[PDB]
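Start from the sequences and build out the full structure, keeping to the hints where you can.
Here is what each chain is made of, one letter per residue.
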Amino acid sequence: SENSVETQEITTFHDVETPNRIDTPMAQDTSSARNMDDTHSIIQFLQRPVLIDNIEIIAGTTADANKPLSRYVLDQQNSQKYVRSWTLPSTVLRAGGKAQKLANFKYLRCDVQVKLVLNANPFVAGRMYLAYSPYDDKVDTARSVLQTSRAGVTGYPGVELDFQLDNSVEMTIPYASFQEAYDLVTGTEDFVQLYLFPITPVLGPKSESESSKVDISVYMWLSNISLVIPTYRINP
Amino acid sequence: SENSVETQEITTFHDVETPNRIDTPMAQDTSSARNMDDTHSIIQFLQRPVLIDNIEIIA
Amino acid sequence: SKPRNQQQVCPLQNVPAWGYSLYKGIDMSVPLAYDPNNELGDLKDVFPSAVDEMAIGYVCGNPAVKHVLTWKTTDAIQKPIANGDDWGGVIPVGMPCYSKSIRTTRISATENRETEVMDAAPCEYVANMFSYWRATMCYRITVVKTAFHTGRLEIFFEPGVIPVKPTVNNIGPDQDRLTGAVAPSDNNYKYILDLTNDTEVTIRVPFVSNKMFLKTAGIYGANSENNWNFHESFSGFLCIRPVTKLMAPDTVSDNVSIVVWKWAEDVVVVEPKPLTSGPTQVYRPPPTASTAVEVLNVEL
Amino acid sequence: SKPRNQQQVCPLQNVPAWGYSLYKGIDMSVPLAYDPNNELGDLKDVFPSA
Amino acid sequence: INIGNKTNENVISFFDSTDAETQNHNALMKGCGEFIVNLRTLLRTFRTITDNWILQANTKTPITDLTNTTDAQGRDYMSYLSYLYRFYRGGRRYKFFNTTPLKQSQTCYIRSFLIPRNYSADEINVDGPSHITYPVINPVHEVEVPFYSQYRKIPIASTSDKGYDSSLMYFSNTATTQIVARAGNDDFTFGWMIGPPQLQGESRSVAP
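Protein chains in written order, with the numbering used here: chain A, 1 to 236; chain X, 237 to 295; chain V, 296 to 595; chain C, 596 to 645; chain F, 646 to 853.
Read the hints as simulated data drawn from the structure, not as lab findings.
Cβ atoms here follow ideal geometry from the backbone N, Cα and C, with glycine treated the same way.
Treat the hints with care, since some could be wrong.
[Claimed, not checked] Label pairs and their in silico Cβ distance ranges: (1) V:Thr-405 x F:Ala-766: 52 to 58 Å; (2) A:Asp-75 x F:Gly-676: 54 to 60 Å; (3) F:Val-656 x V:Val-412: 30 to 36 Å; (4) A:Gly-97 x V:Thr-546: 32 to 38 Å; (5) F:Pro-853 x A:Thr-188: 35 to 41 Å.
What follows is the structure, encoded as structure tokens:
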């Protein structure tokens with residue numbers, strides 16, 4: 001009669017009395033959408049793998065995709081040559097429609113998974129290396145992966161990427177930032193910044209009209225997430 | 237909440253509620269005037285002899 | 296009976312007053328007294344309280360009025376009270392200061408001195424000493440109404456960057472961005488008070504913003520030039536904007552008052568030095584407006 | 596919590612290397628090493644006599 | 646619903662993840678180490694109240710020629726918490742750091758004595774509990790004034806009564822400019838809390 005303080009998700013009210021609320025006579029169950037699928041939570045929804053990139057290699061090669069790793073890097077013009085650059089988590093959040101499903105939240109504590117499905121013919125050899133380097137375009141110039149030697153590139157954490165032995169890799173890129181719980185509104189996140197390096201050049205028969213392809217693909221999804229503070233904004 | 241009738245020496249009040257009275261956090265004792273003399277009541281004070289008259293006789 | 300010395304050579308460094316800025320450790324200050332065991336008594340019968348009156352749990356637990364609002368029938372709904380306060384409806388959650396008044400005197404025919412004068416809540420006044428803070432804030436919003444004023448009033452949190460207006464000498468909030476229908480209040484933590492018979496509310500806001508400690512700069516040197524420290528000091532703002540307009544008859548007055556109290560519980564601090572670009576100068580009010588205040592400088 | 600000093604005045608004589616020509620007594624020579632507890636082994640397997 | 650008013654006090658809370666007192670230990674153990682609790686502990690640290698105090702040679706100088714000036718500013722912790730309180734008890738430790746261009750044709754030394762508060766120079770004697778240092782061999786003067794008072798506590802800036810507790814007199818021989826730092830002694834504490842006065846910000850003094 002005096003105490004009407006009820007609680008919604010994140011919302012509380014303050015009335016004089018309980019305002020004479022009427023409702024359903026009996027809450028009988030109806031159409032069977034509950035019996036067709038269980039409800040997917042928002043921590044369950046940010047664990048779906050997405051098709052991000054589709055990298056094709058031909059050897060070849062006129063392009064930069066088969067320049068091998070330099071044994072020495074003597075100057076910043078002749079930096080280390082790579083394939084692609086994924087600037088996590090700003091790539092994994094925008095793709096797959098995730099950012100239009102974690103809107104109206106503020107802080108995030110994620111761990112990015114990376115999987116490489118690989119599919120090449122038996123008549124082609126080679127080897128790559130999938131290194132990640134946190135703050136790789138924030139730290140001073142000499143400390144980045146793109147300026148060190150071949151022994152220094154491979155010494156970074158990662159996994160071997162041989163063709164005939166590995167058709168799938170599982171790498172767990174950790175929560176690797178100094179700030180507690182990544183900001184989203186006015187976001188400049190870009191903490192861990194991934195790379196893909198070829199160690200040996202891709203090898204095939206030197207006669208052409210043969211089409212020695214590689215066709216890498218990249219899957220990423222989050223893990224061990226905690227999504228906490230509600231807001232009204234978001235970056236587009 | 238309804239019954240605020242308090243009593244002073246010879247004086248009584250009548251309010252709607254007890255008017256949200258705040259007071260000292262802890263009533264710690266202070267300077268020692270209580271330790272120097274006991275309090276003299278008004279029945280104790282009207283028992284002090286007074287020098288009224290001073291009568292001199294010469295023969 | 297007079298043997299030779301058996302002790303090793305004690306090494307040495309000549310440091311008079313080694314580590315004087317620490318509250319622990321035996322200090323070599325000579326007492327100018329009769330007894331080396333000079334012991335004052337305990338705290339019995341001296342101060343007329345029994346509460347330990349210096350713990351930060353009690354000093355910062357002291358309520359102070361910050362804002363006095365005037366909520367009118369002229370003012371619209373779903374829009375905070377913009378009154379020339381200038382903060383008013385947008386109270387920044389956080390322990391250090393956020394407001395300032397500027398005193399403009401004259402020196403020559405074309406030169407003036409603009410001295411920033413700040414108000415000081417006791418939660419604010421302690422935080423000026425220390426550099427980095429972390430505290431669970433509190434606010435006790437009270438409506439000063441009659442028996443006949445009703446309505447519904449909303450207070451909602453928002454974490455992060457506060458909307459501002461940088462000026463030449465001060466920062467004002469921006470009520471162009473908090474109106475509408477351009478900034479909804481449907482996903483924030485909120486409380487919808489009722490002016491029918493409920494009057495007061497205390498809205499405890501714990502500390503959550505992506506860092507272990509914020510800064511205690513606040514509004515010192517906050518202007519168009521230097522306003523990084525103002526953003527990294529609060530974890531957002533409360534916002535008092537009305538859901539439903541004030542319903543008042545012609546007998547009672549159309550103006551009600553909203554008094555915003557402030558304190559901070561569970562306070563912890565980091566360094567015993569001021570983070571500001573100036574010493575802790577306490578503002579002494581001049582007798583006459585033509586007189587100026589002595590300024591502490593940074594040479595040694 | 597920060598009381599006054601209770602120790603007496605320690606008397607003093609400035610003698611660097613007091614009694615250096617004695618085979619006993621702890622000497623103040625600074626080792627130019629990584630570990631203060633720099634301990635060579637015993638005389639086992641070094642000199643080919645026992 | 647009737648025409649009237651109630652109080653019905655509501656301590657309603659926002660974010661309620663964990664207990665607050667538990668996270669504050671975990672936050673300071675990785676960011677501070679030191680856990681500041683009581684402001685009584687900040688009256689034990691010697692913060693420098695002046696940077697330069699050019700004392701004229703051969704003059705018994707009371708520190709109240711500097712204390713009346715430097716209790717206004719609140720630069721240290723004694724005069725900054727002189728505004729949040731009203732009373733105080735306990736003695737004031739003083740340290741004096743020499744910064745003089747010393748001269749070899751003299752023997753520089755430093756004395757110290759006691760006066761009761763707010764007396765002038767000549768109206769007190771000199772035989773009392775003393776201390777002496779020699780700044781050629783010891784640049785720091787390590788002096789603690791005790792608490793010898795008539796009253797159990799002292800309010801700030803009192804009435805026409807004077808000489809009701811003791812403080813320092815500072816005697817030298819040469820024109821020694823110094824640094825002065827201070828804090829209260831082991832049993833120095835304030836009391837009787839009030840609300841705080843204002844603060845003063847930056848004074849950049851733009852022309853228009």
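Hints, verified against the model:
no.	hint	in the structure
1	V:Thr-405 x F:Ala-766: 52 to 58 Å	violated (46 Å)
2	A:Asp-75 x F:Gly-676: 54 to 60 Å	violated (41 Å)
3	F:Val-656 x V:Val-412: 30 to 36 Å	holds (33 Å)
4	A:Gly-97 x V:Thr-546: 32 to 38 Å	violated (58 Å)
5	F:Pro-853 x A:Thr-188: 35 to 41 Å	holds (37 Å)
Hint compliance for this structure: hints 1, 2 and 4 are broken, all remaining hints hold.
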